[PDB]
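With one protein chain withheld, the remaining protein chains of the complex are depicted in position.
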Amino acid sequence: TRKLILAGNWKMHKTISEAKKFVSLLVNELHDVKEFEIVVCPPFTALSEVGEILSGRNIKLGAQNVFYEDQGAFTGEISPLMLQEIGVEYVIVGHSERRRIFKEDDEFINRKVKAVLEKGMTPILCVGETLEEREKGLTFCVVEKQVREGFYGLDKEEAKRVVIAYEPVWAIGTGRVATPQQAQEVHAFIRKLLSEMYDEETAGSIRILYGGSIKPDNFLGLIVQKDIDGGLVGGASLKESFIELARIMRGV
Amino acid sequence: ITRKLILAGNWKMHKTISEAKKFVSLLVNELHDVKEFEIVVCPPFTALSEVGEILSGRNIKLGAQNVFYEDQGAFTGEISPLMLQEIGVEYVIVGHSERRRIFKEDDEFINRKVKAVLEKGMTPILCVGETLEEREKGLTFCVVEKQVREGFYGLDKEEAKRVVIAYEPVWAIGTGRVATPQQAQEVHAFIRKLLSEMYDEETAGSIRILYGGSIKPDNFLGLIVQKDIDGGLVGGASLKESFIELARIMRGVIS
Amino acid sequence: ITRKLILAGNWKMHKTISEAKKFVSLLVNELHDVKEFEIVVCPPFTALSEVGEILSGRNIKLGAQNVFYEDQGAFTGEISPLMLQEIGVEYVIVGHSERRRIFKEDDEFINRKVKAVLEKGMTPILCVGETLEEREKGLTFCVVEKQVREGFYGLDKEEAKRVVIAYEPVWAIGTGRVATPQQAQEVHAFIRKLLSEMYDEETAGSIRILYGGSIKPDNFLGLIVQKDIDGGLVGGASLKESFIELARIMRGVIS
Partner (left out) sequence: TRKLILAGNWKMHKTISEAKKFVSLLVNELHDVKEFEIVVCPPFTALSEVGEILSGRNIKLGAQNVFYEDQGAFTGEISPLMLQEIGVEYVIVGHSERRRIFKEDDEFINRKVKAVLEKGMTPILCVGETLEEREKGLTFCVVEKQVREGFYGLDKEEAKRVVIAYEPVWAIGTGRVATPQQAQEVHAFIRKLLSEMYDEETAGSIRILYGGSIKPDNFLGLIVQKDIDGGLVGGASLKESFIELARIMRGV
């Protein structure tokens, strides 16, 4: 908790032309932000161009993925350095799409968490169970494994910097949001677990946001819950609905 | 038969928008009269837009190191063909060893990227190559054939001509162990006979097959001379000015 | 609550029909009055029929080291539940580490074998256990829970009682590094609380949970004494006569 976050993950969606316009629209409508942070994550291609429009502004730059090496022969990948030089503050790691479609495993993910922290950036670690896992009663152990694997090797001080995002796979793009009751139950669990790995202090420092079918007509009720520190917006982050959400987010 | 030679530079994960903007301008002027073939630079996504304008109207061409096969969608961290087409990218490396080995990218996955790149009017550069163990078992030809057949599957005579293949023996990637022009040529000749049966003589003669072991400024002359080697997919050397050297060498084989 | 202790021997890939016939007869007489618990021998498929007759009517019970979940079909090299049931097999080890690690046998695959074994009126012995790395990340409990939940999935109160679990910490398999009775007991207690939530008190108390690290004739006494350890899944020691020793020890904990 302590400083909510409204993060938008555009995913594979905008052209440098569109980004420039859209970002500006946001920066105009939200130049005034009541401390709760607002992050926008455009694709690699449009990062530098968006960097400008944001430089010096309140809204912060976010990236969708990163490799764990400063440089090397890894054709197609982007290094932490390249993201830093552009002024990217947040980096999404472990997104369900990457885990599932691109077969990224926990170790791979864990090695990325550190790399993002090394260059003093904030990693957004994604966790979440699949419907099948939820039905077998593995919701918690699945989240627990991912979290433990994610933080493995981090000290109380680094762990404090990490951001967690619970995107229940059964609710990504399916339009089926988890009730605030279901969201909170897992968020709470993550918080308790977080403290058992460290201490009540770190656990309260780490921000855990909800992700998965975050629409304007359901965001209130999710941010209201005790342990949900904001959201990782998917679709809604592409339109102007990202403003109505940021608006609601100001209701606290 | 004629075929336009090609010299491509795969920077890989190496430069920042600054280092990039510099190096690129340098070249835009060094290789200014060079119009007898194509020099392609492939910077990281982060730095394409910048380099993109340093080339708008110049001779050197823009190329990406990877692409996803869809136009847009729920695919965090991926770049679409439309995103590359806006910036003015003309070439896209597809199926590179690193992606196949390290990022478990399979043939069917790669085949879709090939068709995808072609749909937007861009040029795929399909990479194929054996492993040391593979070559030791005599599987060089079947490893290459499988990859060529898979990659081209579904394409037709027309689309096939637009593809560019790049033979990159894995046992010669960054290990320094470049391939003797004999070895290179042998394989390139095969890939061309194969391409012949798959489609026809005309087609197999239109498709450029570049080499990719450890192309250095010294040995490169002993390769481009070969019969079935139409250019090179350069790694390291594409970083330094030695790239501008290679570009020189290649010019002394055309008229 | 009562629960009948169980001592099982997983010969693994070790004896021939001859060595087998010998060892078995030896036992049939040594452990002759032993009827306060169950001794189970698990020879390789090749040698089941032989050992099978050396037990027909005796006290010691027959057990297999693996099974496929179908009754018959196009599955070269596999053994069916019917094939085991004819010979008179009563126990079937399912989900052993070696099979999970070496032969890529997954949870869903193992769950089907559990149901299958139960259908023919036989007893599954589901093996669960963490890895050194897993225990170092504090994943012991979730690794075990996942495996227990997966394995039992679909079963009900009745069928669940018939299952026999065997906690076999992988970092203690053939490495000699047996587990302190503290560690063993801790986990066994968890697996039993879990089994309690999954079904109920009655059920969790009926299910035997055996230990399986490096059960030797000396340390075995410090384990069977524990509260939640109902017996042992013995590897090596099940080969020699030391097995007959362990069987002795276990007898001195019943009345």
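To keep things simple, chains are lettered A, B and C as they appear, and every chain counts its residues starting from 1.
As a convention for this text, contacts are C-beta pairs under 8 Å (C-beta built on N, C-alpha and C of every residue); 3 or more make two chains touch, one makes a residue touch a chain.
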| item | value |
| --- | --- |
| Visible chains that the absent chain touches, using the contact criterion stated earlier | B, C |
| Residue among C:5, C:60, C:93 or C:204 touching the omitted chain | C:93 |
| Positions on subunit C where the hidden chain makes contact | 10, 12-14, 16-18, 44-50, 65-66, 68, 70, 72-80, 82-84, 86-87, 93, 96, 98-99, 102-104, 173-174, 235 |
| Interface with the undisplayed chain - residues on subunit B | 137-139, 141-142, 145-146, 149-150, 153, 198 |
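To be clear about the criterion, only the chains that are shown with their structure count from here on.
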| item | value |
| --- | --- |
| Approximate Å spacing (C-alpha centroids) for the pair subunit A, subunit B | 35 |
